[PDB]
Every structure is written in structure tokens, then in C-alpha cells.
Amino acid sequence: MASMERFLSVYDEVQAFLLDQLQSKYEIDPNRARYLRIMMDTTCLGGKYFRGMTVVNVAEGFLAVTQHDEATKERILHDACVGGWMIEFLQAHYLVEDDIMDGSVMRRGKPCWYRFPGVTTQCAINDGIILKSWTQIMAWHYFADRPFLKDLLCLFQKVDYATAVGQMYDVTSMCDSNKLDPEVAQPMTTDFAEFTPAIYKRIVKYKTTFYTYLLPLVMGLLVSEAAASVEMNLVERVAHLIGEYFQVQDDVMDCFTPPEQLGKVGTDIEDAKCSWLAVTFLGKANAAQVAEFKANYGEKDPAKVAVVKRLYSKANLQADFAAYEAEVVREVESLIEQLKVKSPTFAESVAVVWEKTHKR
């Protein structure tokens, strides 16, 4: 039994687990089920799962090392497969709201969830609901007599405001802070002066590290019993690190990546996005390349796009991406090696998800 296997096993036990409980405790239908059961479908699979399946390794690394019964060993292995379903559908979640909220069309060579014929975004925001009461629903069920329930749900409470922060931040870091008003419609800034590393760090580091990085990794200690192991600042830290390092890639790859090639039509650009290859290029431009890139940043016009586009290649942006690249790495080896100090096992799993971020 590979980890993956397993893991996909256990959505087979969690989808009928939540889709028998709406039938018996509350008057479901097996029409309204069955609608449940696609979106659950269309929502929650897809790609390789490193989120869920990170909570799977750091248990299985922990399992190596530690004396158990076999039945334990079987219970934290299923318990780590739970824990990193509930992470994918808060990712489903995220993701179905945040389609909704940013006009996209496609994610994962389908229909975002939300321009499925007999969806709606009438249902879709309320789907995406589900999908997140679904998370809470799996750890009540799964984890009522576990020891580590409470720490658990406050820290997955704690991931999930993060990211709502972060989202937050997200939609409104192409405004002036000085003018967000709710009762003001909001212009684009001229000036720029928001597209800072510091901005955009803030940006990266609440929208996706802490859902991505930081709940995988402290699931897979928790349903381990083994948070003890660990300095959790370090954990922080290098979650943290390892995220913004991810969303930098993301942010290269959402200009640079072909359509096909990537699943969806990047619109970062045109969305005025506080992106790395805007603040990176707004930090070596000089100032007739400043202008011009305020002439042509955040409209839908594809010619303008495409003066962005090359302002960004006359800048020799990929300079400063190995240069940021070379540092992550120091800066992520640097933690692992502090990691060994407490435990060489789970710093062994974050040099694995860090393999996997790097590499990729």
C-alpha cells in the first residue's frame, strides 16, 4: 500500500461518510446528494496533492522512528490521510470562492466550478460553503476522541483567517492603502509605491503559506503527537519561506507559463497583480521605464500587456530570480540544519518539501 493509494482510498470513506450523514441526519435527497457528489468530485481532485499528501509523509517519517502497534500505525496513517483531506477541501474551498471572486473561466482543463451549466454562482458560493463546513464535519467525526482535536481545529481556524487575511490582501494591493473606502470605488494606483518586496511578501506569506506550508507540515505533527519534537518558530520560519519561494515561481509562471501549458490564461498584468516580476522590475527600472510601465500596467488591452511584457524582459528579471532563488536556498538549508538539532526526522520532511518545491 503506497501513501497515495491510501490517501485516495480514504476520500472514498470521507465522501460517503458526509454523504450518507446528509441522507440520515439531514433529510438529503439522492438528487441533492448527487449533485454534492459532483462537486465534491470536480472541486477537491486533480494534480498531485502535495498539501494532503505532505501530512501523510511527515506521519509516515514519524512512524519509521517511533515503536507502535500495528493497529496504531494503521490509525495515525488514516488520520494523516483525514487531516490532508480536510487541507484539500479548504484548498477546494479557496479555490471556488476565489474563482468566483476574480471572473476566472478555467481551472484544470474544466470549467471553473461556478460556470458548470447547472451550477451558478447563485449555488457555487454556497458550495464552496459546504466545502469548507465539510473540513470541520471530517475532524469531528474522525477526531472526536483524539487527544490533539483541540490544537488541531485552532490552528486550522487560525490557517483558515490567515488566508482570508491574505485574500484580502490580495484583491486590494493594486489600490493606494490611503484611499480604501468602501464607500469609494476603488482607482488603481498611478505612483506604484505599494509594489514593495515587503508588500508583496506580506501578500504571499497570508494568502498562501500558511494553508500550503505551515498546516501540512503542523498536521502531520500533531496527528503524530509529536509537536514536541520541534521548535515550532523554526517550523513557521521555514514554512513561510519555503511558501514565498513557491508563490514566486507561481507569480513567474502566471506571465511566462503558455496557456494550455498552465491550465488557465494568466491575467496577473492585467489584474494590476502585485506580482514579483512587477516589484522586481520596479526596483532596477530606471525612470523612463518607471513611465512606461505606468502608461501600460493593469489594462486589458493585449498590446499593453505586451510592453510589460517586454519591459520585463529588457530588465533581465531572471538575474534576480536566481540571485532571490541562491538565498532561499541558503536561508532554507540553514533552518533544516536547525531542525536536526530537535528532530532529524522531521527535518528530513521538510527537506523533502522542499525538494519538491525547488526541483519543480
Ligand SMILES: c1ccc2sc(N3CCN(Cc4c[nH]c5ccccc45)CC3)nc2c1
Given for the second form:
Protein chains: 2
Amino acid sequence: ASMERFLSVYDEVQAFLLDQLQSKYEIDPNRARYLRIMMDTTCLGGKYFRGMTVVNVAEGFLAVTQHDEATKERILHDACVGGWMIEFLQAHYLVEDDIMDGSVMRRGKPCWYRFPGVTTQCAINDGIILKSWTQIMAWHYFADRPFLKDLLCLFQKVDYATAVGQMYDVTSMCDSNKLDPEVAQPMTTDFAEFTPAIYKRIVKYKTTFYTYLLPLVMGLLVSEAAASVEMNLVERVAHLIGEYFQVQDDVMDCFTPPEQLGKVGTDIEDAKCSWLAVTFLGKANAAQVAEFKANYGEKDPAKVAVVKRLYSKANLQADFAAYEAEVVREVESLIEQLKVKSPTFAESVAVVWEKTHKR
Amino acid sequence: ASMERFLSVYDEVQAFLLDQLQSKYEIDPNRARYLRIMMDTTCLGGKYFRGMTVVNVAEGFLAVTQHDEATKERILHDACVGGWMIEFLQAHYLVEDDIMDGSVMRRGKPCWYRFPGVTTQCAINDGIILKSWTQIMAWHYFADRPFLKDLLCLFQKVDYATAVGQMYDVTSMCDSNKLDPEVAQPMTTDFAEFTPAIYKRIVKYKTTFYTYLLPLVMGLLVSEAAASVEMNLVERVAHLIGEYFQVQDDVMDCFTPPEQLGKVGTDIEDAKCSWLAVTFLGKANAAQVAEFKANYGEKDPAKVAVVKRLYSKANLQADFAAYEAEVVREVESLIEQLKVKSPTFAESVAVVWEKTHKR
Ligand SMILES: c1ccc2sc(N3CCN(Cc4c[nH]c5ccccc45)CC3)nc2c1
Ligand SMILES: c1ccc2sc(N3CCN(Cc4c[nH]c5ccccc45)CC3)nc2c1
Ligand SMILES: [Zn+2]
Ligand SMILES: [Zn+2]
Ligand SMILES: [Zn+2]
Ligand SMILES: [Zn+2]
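Given the form solved without the ligand above, I would also like to look at the protein as it appears in the form deposited with the ligand bound.
The complete assembly is shown below, putting the previous chain first.
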């Protein structure tokens, strides 16, 4: 099975990275063990959706393209390595974002920095190593590949867009005209920047490039199939499915039980520009807006309870149903446009959409 | 002058990065201003030794190689951009290492994370952006250069070695057999790992690759002059000068006044494996070792004063003078070996050594 091959390549990449630390970096066995545990804890335990998208896109092309068996194996192995580059990039983001946000739990366990023998002093650097490993993988496994240059260039652009997205996210509750490194930042009082367009910018950059665009395009690159699809359609469909994925995440932060979510959601206390806050402000009357302003962005559980009640009473399920219906309609139109140049790729996009919509 | 051209290219690279954030990343003017201030605060104010080494190596080759004037200008501009890639890589390290170590001051001002409108939540990500900018520079300015592939591969290897070096540094006061993410780490009691070989490993990885190896080799790459020098000699001389630079830094942390140093040195309170601690343990009697163990790695200023007195009474100046004499002798031997294939490059190495030795 595809998942089995993907998971087997993790063990191979881990062994390569750790053996290289021993043969070239004078690592000792105890530090190699620490890094092995850090890699497992930070990289494993998710659903591997991003990495598996690379594998699925490559499998689709293998079914319609003439290749020797050894070439099919090479392409699948490259798709698995590429998929792990994305999972390790995600691991870097999660480690650093958990430290930045002072998060407590992730994937049902404590955040990496909270492990007793880790601490923030080590975890920041462990996060740096996770991203460095993505490059060591690429240069080693893809050394002689025709797609190495395009892959590294794409990966770097996606990583930069993601870091810019994190900046948009962490500053989304401040007034833009007050941003100033020299002055402590107050929370917005008018919430004028909680709009659909501003929310869409945050999400586009913080999530969609690395969660949807990069796995889809990497699958095309390892398949030598990019100059067969319309890139503007790939970007449009990735940014559309990516926003829906984040909207689902935002709703879950507020209403999915901590055991199912794997953490206690704190977007309200954190004053995040979430889909729920923007949608609520898009339909609230004057008294509801005033009540939201008096309670949002506060740790006090009674204030968080007022916000959750405002959301529940505003029938945000009706807005989500209308948003969902519109996304279903636009994703299906883009898949149709994708069929003009590639039915196989349009099918992988339909799979990606089905796994997102029904998660 | 060389410095003038180098500093002029900073303004050009800054404008390119910020204009790209506006034209491609939907940045707003307030966030572009925040990033401009972050870039200036974190990248400027040092001596630019690393970036200027790239420029000096390239100038040396220009003086002995036939080129059209436009080609000389292109090579110098590439050496300046490459130099800024290293200065921005250093800026990334300093931002993250100041957060990891809980440092207070850097280059005579507060550490970036301590600025009132920054905070750790933003500063970790600002540090990530600084390194992403090094890649955006390379792909933009060096898009059509023959050396792009070698330069990116070298840069990545140097960055990874540096992150591994940071891990060696932050864990240098723990016993290797006790490292365990699940268990809070006690400080060593035996100091058995405070040896010259272990100290040399820490320094080799945490400082020498990015401070000496990368600027020297990048100068060779932008000059299309690498396949003219013996790479094993370049690595040997970079690792030798780099260790001396760190030994000087270690001595300054302990004995250079806070105003000249630009910070209050805390290597003793931090229990760092410094040249001073290793050298002291290499000559101390049983009572001196016991007194060091009772006082090292503690915040108590009276305990720090006992350690500084132990160092002063141990005549570590005599050990430094012998170390220095040996480095002078070995650096001169390596420069001689470098003259076999390139007098010009051996001269740049002599300049680099003179600037390090007499800083
Ligand atoms: C899509 C978009 C918006 C929404 S709103 C939502 N709801 C389902 C659970 N309801 C009860 C509840 C569970 N936990 C709570 C905590 C506080 C207040 C109330 C509750 C609250 C509303 N479902 C969606 C789906
Ligand atoms: C190279 C290698 C080792 C050393 S040791 C050193 N010294 C110069 C200043 N001396 C006085 C001092 C200044 N500040 C202090 C604080 C506490 C105790 C004492 C002092 C202490 C010893 N110079 C070097 C140079
Ligand atoms: Zn976050
Ligand atoms: Zn969330
Ligand atoms: Zn440090
Ligand atoms: Zn120091």
C-alpha cells in the first residue's frame, strides 16, 4: 500500500540523517538518540496528508505513463522523500509556532518545548534542525534529478510565504497603523481589520502554500509532469481548498472537544482573526458587536463563554453551510478546468478535496 | 572603497525584498516598515567581517584576472550580495540564540526579542524570515549564474553544521549519557566532558563554518576560482582561525568590560564549556578543581567572583600566549601551503588572519 511505502521511507531517511551525523558531524550516540526522539516526536503522529498528496499525485501519473519498473520505483521513492520534506517542514512550523504561542498540547501530547529534557532553549534550535533536514534530504536524494532546481526554488518560495503568513497571523489582532517595534502592541478595539479579505490573506499565506500548493506541485515535479497542467489553475484550486481547510480548523478550535481536538483551543483568548469572529462581525447588530468587543481576547473563562454563546446564537452554522456550498461549487469548476490538460491530475485534486471536505 | 560598495548593496537588497513583499505578498506599508526596522536592527551595527571577507577574496582575484569592466562590476556586486547572505544568516542565528539564552543586550542595544513591540512571539518568526531572505537573495540575484548550485549546496551544509554546533553548545554542560528529552537535565558535576577535543568540536561547528569557511569559499565561488585552490587546506585554515576567534570571544566574555563588550557576559553563570574553563581544568590542582565545581554555573555574583579569581590566579594569560604562538605558527604554515596553487587567495587568508589576531 501507498501509506506503507511512505512510512517505510521515513525509517530510511531517519537512518540516513543520523548515520551522516555520526560519519560527518562527529555526533556522539547520546545526542543522536536525542535527535532521533525529537524527529519521531515532532514528525510522526499526524495523518500525513501533505506527504501522502505527493505520493498520490505521482501514483496517478504512473498509471498512465510508460516506464520501466525500476523507473516506477524511483519515482515513487522520490515522491515519498518529497512528501517527507513537507512533513518535516510542517514539523519545523509546529515546533516554533507552539513556542511562539505558548501552547500546551499538540497531536494529543505536550508540545515539544514542554518535554522536561528539551526546554525552549533547545526546542527553538530543534525546530531549526527540522527545516535544515528538508534540505539535506533534497540534496542527497535528488542530487542528479532534473527537477532539483525547480523543487528547491518552489520549496523556498513556499517556506517564505508561510513565514510571512505567520507574521500576518500573530499580528492580526493589532491595528496595522500602530505596528511599531519600539511600542508595546495594544489589541484592536474597533476590529476594523476583521474582514473577509484580511482573513483570506492570513490564511492564504500561513496555511495554503505549504498544505496544498507545495504537495500538489511537488507531485508534478517528481513526475516530470508540470509542463502538462495549467499552473494558474493549480494555484487557484490550492488556495481555495486551503482556505476551507483553515475555516474547518477555526470552527474546531472553538467547538471540537479537547480530547478529539488534542488540545484546549484558545483562539478567543488569543484574539485571533478567525473565520468565526469575522463571520460573526459580518452579521451582528450594534449590541452584539459591543458585547463581542467587551469579551474578546481575554483569558477570563466567563468572557470566553460570552463569546462562544454570541457565536452559537448568531447561527454561524448557516454561514458555514453557505460558504461550504460555494466552495464545493468553485472546487468542482476548477477540477473541470483541470481536466482540459490532465484528467489524472484533476482526479488527484478530487481525492485531495474529498479527504479535506470529509475529515 | 570596498566597504562603501558593500554597504550600498545592503540598501539595494533591502529595497528589492520590501518591494517584492508589496508586489507579490500583499504586504501593507505598516508591516513592511516593521520588517525594514527588523532588518536594520538585526543585520546592521556589527563590523561586517564575514560579508567583507567575500568582497576581499573577490577583489584579490579581480586584480589578477582579465575581465571586461562590466564583468568586474558584476563579480563585485555578486560578492556583495553573497556577503549579505552571510550577514543575514548571522542575524538569524543571533536573534534565535538571544531568545534561546535569555540574553539581554547585543551590539550595545537590547536583544531584538526585548523590543517592546516585538516580543518572543514575533521574534522567533522574524529570525525565520531573516534566513528565508538569504535564499530569496540567492535565487533572485544569482538566477543565471553558473555557481548557483554550488553556492546553495555550500550554504545549506554550513547552516546545518551551525545548527548542530548550537546543539553541542547548549548541551555542553550536561553529561552526554544523561541526555534524554523525557528527563530534566542536571548540570555535570564531574566536568569530564570539559576537554580540549570536546571544546574544539563545539567551536568547529557552532562558529567556524559560517564565520570563516563560508565567506572564504563564497568568495571563491563568485570568482569562479574554486577549482584553483586545495579545498582541504581552505577547510583546515578556516577551522584553525575560527577556533582562535572563539577563544578570544570566550576570554572577552569573562574579562572585557560590559561597555566595550556591549553586554554583561554570563558564560560562567551559564556553565558554558569555554576555553577558560577547559584550560583552567587542564592545569588546576585538586583543591582548585573542587573550588571551581562548588562555584561554576551559578547566578550568585559571589560564586561568579570565585570562578573569575580562580581563572586570574591560574595565570591563564600564559596558556593563551602559548596557544596564540601555536596558532600563529600553524596559520602561517597553511598560508604557505595555499601559495602553491594561489598567492592571491593566500593573501586574502593573511588579511583575514591579521583582522582576527589584531581585533
Ligand atoms: C460550523 C460553523 C459554525 C458552527 S457553531 C457550531 N456549533 C455546534 C456545537 N454547539 C454546542 C456547543 C459545543 N460546545 C460549546 C461551547 C460553548 C457554547 C456552545 C457549545 C455550538 C454551535 N457548529 C458549527 C459548525
Ligand atoms: C587571555 C587569556 C586569559 C586572560 S585572564 C586576563 N586577565 C586580564 C584582566 N584581569 C583583571 C580583571 C578584569 N576583570 C576582572 C574580573 C574579575 C577578576 C579579575 C578581573 C584578570 C585576568 N586576561 C587574559 C587574556
Ligand atoms: Zn500560531
Ligand atoms: Zn487553529
Ligand atoms: Zn548561545
Ligand atoms: Zn561568547
